[PDB]
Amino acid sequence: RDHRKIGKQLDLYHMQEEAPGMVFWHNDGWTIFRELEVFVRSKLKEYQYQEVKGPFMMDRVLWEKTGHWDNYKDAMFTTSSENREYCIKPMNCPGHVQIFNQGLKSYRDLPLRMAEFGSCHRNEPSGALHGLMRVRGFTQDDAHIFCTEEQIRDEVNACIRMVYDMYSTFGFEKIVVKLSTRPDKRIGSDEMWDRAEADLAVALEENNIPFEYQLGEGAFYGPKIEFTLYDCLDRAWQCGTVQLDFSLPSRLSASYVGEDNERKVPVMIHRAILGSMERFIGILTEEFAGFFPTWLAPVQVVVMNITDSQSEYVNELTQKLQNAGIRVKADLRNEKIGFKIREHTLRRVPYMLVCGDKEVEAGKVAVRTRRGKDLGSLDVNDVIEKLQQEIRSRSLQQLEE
């Protein structure tokens, strides 16, 4: 269950000292990453999110206006050009306000929900680095909701729904929740904080989610909910955040026209569910011990022959699976069937499709899993329909037989 060990064995990624804390994603690892993105994108569509992309760097002068400069200055990478200093972004929030700022916005356009797989950089010390968990270059599944004060409650409700929806896809059911309240150094009135803390509380209570208050641990710009998941070893992983913000929009001149035809500043909600996606792949690697569910598996099916005699049956079967949209390889090497099954079991291939004479003659295929389960001979088109359904639904379970 060591993601560094498993990552090296399965050839997912590597790290080296010429680029501390930044991942070289190999083909198979990048396949896992991309499928994770596809999954998040399907959630973004279902929950009515835009997807944008911002630039990697921005003038220090703009970062000075955010309210984050003094707190982040030591953690940012900077770079110079033509007497101007640029910060490499450690967060996507200011960039999203820049996009919001183009074109006149109305009350009609709110809530405006804006997501991004934004590659951010944080200059942490080198000794603090550790595989995929603590990295310098990271991609959060971050997003921002711009809304009215009256809309906050419904939008936190949706965020909450989206969090438990996404976590239960990977088999994470034990979730611990903390609501962090007003710090000592903060902005805004006491009744603004009363309302904001009440909206987060009521939203959790409306969904029958237990939580503990964390006194004085909120950010200066608003209160937050944090979600901590537990893996199959019962280890805690803080991942999710819903963070209200009454500072950044006004700080970066964000506005919209209300029903009463008056200029109003929108409330901002920061939300990430998985958190750092590099880290989350690390968490999944250890949760599953390298046995990634079929939909995430780099190679989903390996088709193999017993002898040279079945090679063209394997080729046709392999082409059928390519056409069905399945990540498939053909193992036509001059090796024993047991040697082929052992190698791909160790590579954690979900399904091995074995083709002997009896399978060829009947128009069938013998299905073996990486767990060692023999599901017997099955009709080829029936196996493909069942493989598709497993992938389509993102099931944790392999087929029954």
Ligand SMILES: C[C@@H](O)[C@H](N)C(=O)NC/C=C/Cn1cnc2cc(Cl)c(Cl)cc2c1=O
Contents of the next structure:
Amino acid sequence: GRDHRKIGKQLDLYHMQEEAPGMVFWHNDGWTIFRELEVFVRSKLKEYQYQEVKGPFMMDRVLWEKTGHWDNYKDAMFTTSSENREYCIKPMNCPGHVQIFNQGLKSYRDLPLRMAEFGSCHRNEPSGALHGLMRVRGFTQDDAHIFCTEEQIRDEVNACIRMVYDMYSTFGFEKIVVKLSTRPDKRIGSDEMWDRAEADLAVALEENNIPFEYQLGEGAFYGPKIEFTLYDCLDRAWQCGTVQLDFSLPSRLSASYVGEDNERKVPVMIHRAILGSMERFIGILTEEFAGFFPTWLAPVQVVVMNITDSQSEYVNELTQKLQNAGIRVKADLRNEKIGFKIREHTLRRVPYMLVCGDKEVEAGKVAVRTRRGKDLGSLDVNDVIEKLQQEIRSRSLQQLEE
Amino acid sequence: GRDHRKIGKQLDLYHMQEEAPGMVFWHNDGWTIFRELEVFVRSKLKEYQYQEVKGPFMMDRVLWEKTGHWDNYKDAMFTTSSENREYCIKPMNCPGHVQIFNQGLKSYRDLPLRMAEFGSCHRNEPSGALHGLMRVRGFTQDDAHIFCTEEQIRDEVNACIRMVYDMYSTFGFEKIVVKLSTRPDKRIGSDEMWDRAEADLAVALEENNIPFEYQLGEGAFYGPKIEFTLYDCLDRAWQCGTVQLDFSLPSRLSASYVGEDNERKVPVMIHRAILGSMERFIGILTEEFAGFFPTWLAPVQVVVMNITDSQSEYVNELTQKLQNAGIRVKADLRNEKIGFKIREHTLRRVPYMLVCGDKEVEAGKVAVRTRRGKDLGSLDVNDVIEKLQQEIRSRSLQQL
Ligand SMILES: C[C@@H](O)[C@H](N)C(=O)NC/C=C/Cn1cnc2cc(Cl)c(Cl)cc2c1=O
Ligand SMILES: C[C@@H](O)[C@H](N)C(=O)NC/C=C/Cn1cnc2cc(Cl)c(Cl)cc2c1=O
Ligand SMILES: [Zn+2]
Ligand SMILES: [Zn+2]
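Would you mind giving the form solved in complex with the named molecule, to go alongside the form solved without the named molecule above?
Once more the chain from above appears, this time first in line as the rest of the complex follows.
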């Protein structure tokens, strides 16, 4: 099946209740998936030279009123009060990043400054419109903001595009639809600015040999955007990625830097998220893989199991070796038949089941079965461990052969 | 001068702002410290056999009223509304952990069930009382809840005590004061429940030769507790650790399991946090070390630097090797005097400074100096990486 709500219950990943609508309770195994996704995103953040920060959950309404989103989005925002002051719970991470940017004098030498965050966002969405991990009130955005010059825009958008396709390919998503939203009727800035900004987005797509289409007049008042729609194995469309140019917010929040000519200048801001919601993405992945998460993401990667009582100590040593090797491993030493053990952990979607009979113990080997029902044979212990490690390190979609 | 505020500005760790009172903006380098501390706690969670979960930011006021905290703490709650329903932003993670516990049938064979979370908590406390990272509104608790039988309590308190002392030791905190809070006047349970509960805490401490003082009548209505206070290098007291028994919240939130005699039993809950608050602990550590974070915690562990342009490629190759070994490393190829470079990174409190002259390139070596002003001379490059790797992975307090 491919129902994330069904699979999430079956594999004990998460649940949701009426007491907290649209907000996920991550169980151990789901939180393990979440944390590995974070680790993966972080490796891309380091690769693409992003800083990672953390901003507070709430900020004064007075500050949010200055952003120029208040009039359009006030209904979708949670608020809470303290000592005659009203605070918004953050629906976005951008203003918080500007605050960090505003600490200390910034120079042209500091640009481009790429500031990322796994940002916990809350949006007061209608309860009737909520649906599992897909449509949620509380979520974690794989967010970042690039502060750069006008001249630097193309190269930074280019880097964002690459990062998008790079990340989607890891999960097996090759069919990507790209849409470029152009100038709306109500907008800020000159027409010549919009020409350059739109052109920067289009040229950046062309340089990566990406065909796209327009979304005419669908851009925000503060700049144009690119949206990336991935397609799952059922050919269903999921809009996840976004790259949004912004010639408004930095000026609104008093962001500036010292240029090369020694003059004060306002930086351009690029908003981008690739996965979108980490929660929604996990939901998509769950259905894409039908719960058969690639080994690097699997809550339990390996179960080591004995055929009879005879191999219990061998199982313990091999389990410890896998533990030392960094693998998420469990020993199944229960007084149960080998078929019963295999069926259970197959249903739990454990990538590998390492079976130990007499002939395995005697040879210093292990019999490797996959959750797809494949028998890869009896293999040397050290050799299996190094192959498992390589499958995990490279985040491979495929299991071992034989 | 060991002010965490000052050191936080100097090393670009964090700042705070009037628009968000008592809530931290973690900058790159400060967030790196935080994440390493998180990784350290996770290693202990694994060692001590804890699950890790994440609960939602807010829940219904109806649920929070059932916990029995509402009359005592309603003024300290942050509340927000949606569709004519009031939601509390969470001050604690316990009720959310019960919600997870209540999914699926539990038995005695599942106990003890230890459920940990890095829980983002908010408490609406007087803004005037706030100061730095020590007194905040928004914080991250190294929280956990142990669901167990009455017979399992004593063993689980033992493991909690061991976890406390183990973790404090890692940071060099050996002077620990312990206080056991006994039954208050306003309490639930028979006197006999409290005799057993207080004895469970007392004996656990007695068997570990930990001396403690009683705190008469300062216990919760739902059970007694142990609090752990550490002392920094200036001999200031920091109450950080807590172990709190609870014979109330599980019943109140409809928690149960199938016992060994085939009947519904309400589990005992143990609350425990060790560091207390991640933000405050980082505050304490920053002051304890005066910015000289042990290498495993340091935002930037190594800076590799040249004398002239001649050695640039060797520095970059050496930098790449250090990065592959899992070390937070930065290259410094600037046209500046060696005394200038070494000073800047000594001021930034970078543990190690790797200097590469012509002698070092030709010989396949590197000249190592510490921020403490110790010249270790020209050493073999592989030998250095291994010793740095060991220092980081063992989380040593001392340098070479
Ligand atoms: C990529 C990221 O940096 C960017 N801010 C982002 O979230 N883009 C995706 C969609 C952005 C569109 N959107 C959606 N809902 C919102 C709700 C509130 Cl209450 C506010 Cl104040 C703003 C928005 C908003 O702008
Ligand atoms: C160890 C951990 O699980 C435990 N909850 C904990 O935080 N212990 C420290 C003491 C915690 C005591 N305390 C403090 N402030 C609170 C504010 C609110 Cl709004 C509410 Cl509803 C409850 C409390 C509360 O009970
Ligand atoms: Zn943004
Ligand atoms: Zn608690």
